[PDB]
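Next up: a single chain in structure tokens, the form solved without this ligand.
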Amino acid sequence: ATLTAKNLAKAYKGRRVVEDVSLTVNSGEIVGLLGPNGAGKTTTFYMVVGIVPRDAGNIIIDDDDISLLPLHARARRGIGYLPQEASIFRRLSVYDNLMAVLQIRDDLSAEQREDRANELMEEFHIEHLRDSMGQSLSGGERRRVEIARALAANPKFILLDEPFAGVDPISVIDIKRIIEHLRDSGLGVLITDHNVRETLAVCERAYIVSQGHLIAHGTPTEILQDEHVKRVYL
């Protein structure tokens, strides 16, 4: 399956923070959207996920233009999303965090949701945290719960907004292995970072964004030799 954004644009108070951005991510690849803080990476995700109204552009899955669908209807079409900052429910257990999403899985019985919650906890190595409150977890543990919670919806694409932020060095390694596993599972993974070299290594290809504009696309090796990328990071 293919997720495509075309000619996205967004302005705040007359300032165009995203302008004419197009990108695509297919099942089974990790695609980066990388660039400085304030370049418009999150705004682009917001428009793809449906969180803020776009000023221009289209969001498409395969042959379906879903531009008019709100966030939760786009989710049913397969779009998953990891917010940039904490989004775990801070005073709900890890288990109840998973069940907040598993409760919308109409394809599952009571027992099957419990099974699926248990499988997700094993898969993401959080089963020792079942009754722990979200607030009581480290940044890395919270991150694993947040990713498991998005997967409870069974998305086809997952947009990871700076998944390494606020996570200690050891947990970063674990999140990287999670990302590879999500890709091996058939998800198209779109990931943002401002630290280009580190995240670039885990991408099959990446778009580079600067001041709301796409300036380059390529494999990591092409990006690191791209003259437009270079004249931006002089």
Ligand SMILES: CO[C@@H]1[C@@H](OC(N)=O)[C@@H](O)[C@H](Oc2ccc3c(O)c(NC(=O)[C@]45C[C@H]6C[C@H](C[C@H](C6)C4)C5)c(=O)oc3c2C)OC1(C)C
Second form
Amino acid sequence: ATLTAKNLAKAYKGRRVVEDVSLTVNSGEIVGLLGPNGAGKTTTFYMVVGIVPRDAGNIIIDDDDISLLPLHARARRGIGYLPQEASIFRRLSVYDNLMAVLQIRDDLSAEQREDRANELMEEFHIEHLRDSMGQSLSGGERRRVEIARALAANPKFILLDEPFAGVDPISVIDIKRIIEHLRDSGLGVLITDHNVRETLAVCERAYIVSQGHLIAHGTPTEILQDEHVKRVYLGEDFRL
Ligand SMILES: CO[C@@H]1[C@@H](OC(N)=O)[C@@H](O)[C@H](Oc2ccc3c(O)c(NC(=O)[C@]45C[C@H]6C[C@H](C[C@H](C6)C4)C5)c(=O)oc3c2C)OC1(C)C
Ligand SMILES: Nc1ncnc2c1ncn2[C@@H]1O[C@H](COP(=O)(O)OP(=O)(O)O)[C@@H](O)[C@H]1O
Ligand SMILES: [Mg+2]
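Next up, the form deposited with this ligand bound. The previous block was the form solved without this ligand.
All chains and molecules follow, beginning with the one already shown.
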């Protein structure tokens, strides 16, 4: 499949926080939306996922324009989303968190739902936390349950808003291998980050945003031909 956002634009109280941001993620790809803080990354995600409405632009998946469809409708069309902050249910166990979203899987019965729940706990290495409350999980364990909870909805595209935020240096390399696994499974992965040097390497293509505008895009090799981006990458310039 193909998820495409074309020239999105969003404004809050007269201030246009996102002028013109465009991106495209295909199945079997890891596309990045990189840029400094306050550039418009999260606002772009809310427009693609459908949390906040769009002022201008289009959100298209394959031959369907889903720009005026609410969140739940785009969720049933293949879009999965994970926030930057903690989105786990802290008062429920890991098993109860996965069975939560599996309750919307009408394509499965009560037996297959609990089957996939065990399949998702072995895949993300959280079998030893089946009955553990979400509050007792560390930063890295919380994310892997949060990601597996999104995968339980069986999406076509998974959108991670800075997934490496608030996790130990051993969990980032753990989530990075989880991302490369989802890509090989046919999903389209879309991640955001402010660290451009560390995240650009795993991106087949990336879209560099700055103050609501798109300053560069393409594969990392094509992006790192923009002199302004090379300076921030090599360390010659401070602000991107
Ligand atoms: C169909 O409904 C499903 C449920 O049913 C199933 N399986 O389908 C299930 O999926 C799940 O239900 C929930 C979801 C969330 C909570 C939850 O946030 C609680 N705790 C906190 O909010 C706090 C506790 C502390 C720590 C922080 C800040 C502050 C103080 C408040 C979190 C809570 O105690 O209970 C929840 C339950 C039962 O989500 C639903 C409602 C969509
Ligand atoms: N709900 C909101 N109301 C007002 N201003 C907002 C709102 N959400 C984001 N902004 C502003 O837009 C920019 C944030 O874009 P965000 O994409 O949320 O930053 P990042 O790109 O780090 O996610 C900042 O200027 C922030 O103050
Ligand atoms: Mg953000």
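Only residues modelled in both forms are compared. Residue numbers count along the first chain shown, from 1. Basically, rigid core = biggest C-alpha set you can superpose within 1.5 Å across the two forms.
On a core-based overlay, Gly57 has a Cα shift of 1.1 Å between the two forms. Shown is the Cα shift of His228 between the two forms after rigid core superposition, which amounts to 4.1 Å.
In this core-based overlay, residues 221-225, 227-234 form runs of three or more whose Cα positions differ by 2 Å or more between the two forms.
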